[PDB]
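So this first bit is one chain, no partners, the form deposited without adenosine-5'-diphosphate, shown in structure tokens.
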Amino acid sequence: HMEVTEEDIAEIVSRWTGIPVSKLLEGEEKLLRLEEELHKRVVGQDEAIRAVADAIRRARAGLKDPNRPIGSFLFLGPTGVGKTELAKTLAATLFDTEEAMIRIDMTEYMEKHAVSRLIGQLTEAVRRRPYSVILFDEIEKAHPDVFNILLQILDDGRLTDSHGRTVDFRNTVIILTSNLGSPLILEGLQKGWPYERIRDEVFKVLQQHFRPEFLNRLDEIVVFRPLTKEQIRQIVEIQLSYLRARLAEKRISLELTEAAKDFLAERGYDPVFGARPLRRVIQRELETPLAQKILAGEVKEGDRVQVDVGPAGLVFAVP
């Protein structure tokens, strides 16, 4: 039908039921091309994306335990290389909006009485949103008791609160994240440890916090890799999207050189936080002098701006 769209109908069903549009429109095939959706935003990390996609494909084919969340993942490796981005993108694609991602920072869940806070910070959030990606950040800091409740989610896709009434988790996607090993790998490189030492050290620290009985309940254990220079160069480009869209209103083009992107990349990426400090770097190195250039009148309506590297920082040109 022409005047009435698929979206029009889907929205009605979506609003009456509470089922996301995406979920109603999953079949109209996208599951086949879900890796490319996630690639629009998550540069690199091809293994992590396939994992997540393969897990979701299995649940959608009716091949997994129905009494479980759709997917359960442990995302290991360094921070700032795509974990949160992926989690968000995952929510936006499967459940329409990033607002459909619940983030539990386990730093607040270390001192025993933290279970009650969950059961109901967690249980209430998943009560009003049955269709949600749940992001447990740095899960290794979490207290044992708080870890026990997480297993209950992994066992039957449900969880009891204070009243006794169970909250359904069978439509949720659980992503757990941790750095464990990475800071340690950084230690041994700065301390000149032999490879096998570092490798032995990481393994035992992982064994301490995550015991087989818990990992067995997970769909995939993903280890995120550090980014290559080329991957970072694409991360720079993506991060510019908003600025470039802001300038585009006044028909202003922002055209960086090869050296320019590397410059930002160098200072906006480090092995500790990955690419997380890049935003502030862009804002300081490029967005600052550009603002000055505009307000000085040296950059105008429709102007094409060429960004190059220099000795002082970034140099700007008008052709």
Contents of the next structure:
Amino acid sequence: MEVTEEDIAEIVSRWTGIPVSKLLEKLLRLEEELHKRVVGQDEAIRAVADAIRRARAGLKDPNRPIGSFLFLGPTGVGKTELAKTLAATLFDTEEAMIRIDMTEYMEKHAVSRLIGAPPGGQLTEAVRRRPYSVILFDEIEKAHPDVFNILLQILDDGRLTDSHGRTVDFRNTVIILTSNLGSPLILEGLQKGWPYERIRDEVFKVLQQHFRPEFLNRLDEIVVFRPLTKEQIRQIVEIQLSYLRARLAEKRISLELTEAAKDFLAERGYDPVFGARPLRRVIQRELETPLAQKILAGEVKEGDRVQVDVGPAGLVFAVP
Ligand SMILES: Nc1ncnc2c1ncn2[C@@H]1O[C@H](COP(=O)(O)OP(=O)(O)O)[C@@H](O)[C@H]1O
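So the form deposited without adenosine-5'-diphosphate is up there; where is the form deposited with adenosine-5'-diphosphate bound?
Time for the whole complex; same chain goes first.
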């Protein structure tokens, strides 16, 4: 009890470079740990956990990354949240997530930005100093063909060569590729009033053009994220209020939102175009702004429990 297991692990982790979570059973309950931050998207969470279990059981090729995934579906429904959460659970921190925006690698000479200029990179140096990391490639269809070839090398041998010719090890990484292809086209067809078979057939040809079977066969799983239900959005709202409540808890102030108040923020904080991205500024504008005035005015004080309900002209604040 005096010297804990984390005490020993942190010594070993410092000398070896292996993260504490890897050194320290918990893979059996990996899905419930990811669900603490990621609401819904059960299929994506199952797929990720299953792949990680195959790797650790010694069932997969050792000369490859831990796992590789393609995440399809719309914007703002949990793709990045899962990647960040995966990094925190597996590698102890969100700093262990490396993000590559492929919109910045569309113009031919972008390969030198990835692996470094010729004798005359961002990804290579990043992974060199963090072997244990989650790498997120966003908007993968935007990538230049030559840039796309470098990604296939990582999938094929779990390593990568840079400018000098020296290798960078990718065997301890998790690769997540994300794309939005098809989702805007569906919204276009629904607004234009196309029948279903029109929308369905047009999505498959667009996916066919960009994602060929030679590429997809290298991946562990292809997962399509779905839009969030009204129930699930209410859970996001409750998660997003966490930091505010912790700030208010220092002055012993409670925020009891009524059921209609959560629906108010949920209706404005979510839409099919941007997903739940607008929610942060909706909370800031509709809740945090008028609450700040109440506190500054002297209506809300130390120890007061506040009821948040909805009338016309936005949210109303009441005290017992
Ligand atoms: N499944 C989810 N679980 C928890 N929060 C979510 C979920 N989906 C969306 N959000 C919230 O909405 C925001 C959407 O951003 P993000 O997930 O980064 O979008 P994308 O996945 O398109 O990159 C997040 O910051 C998060 O707070």
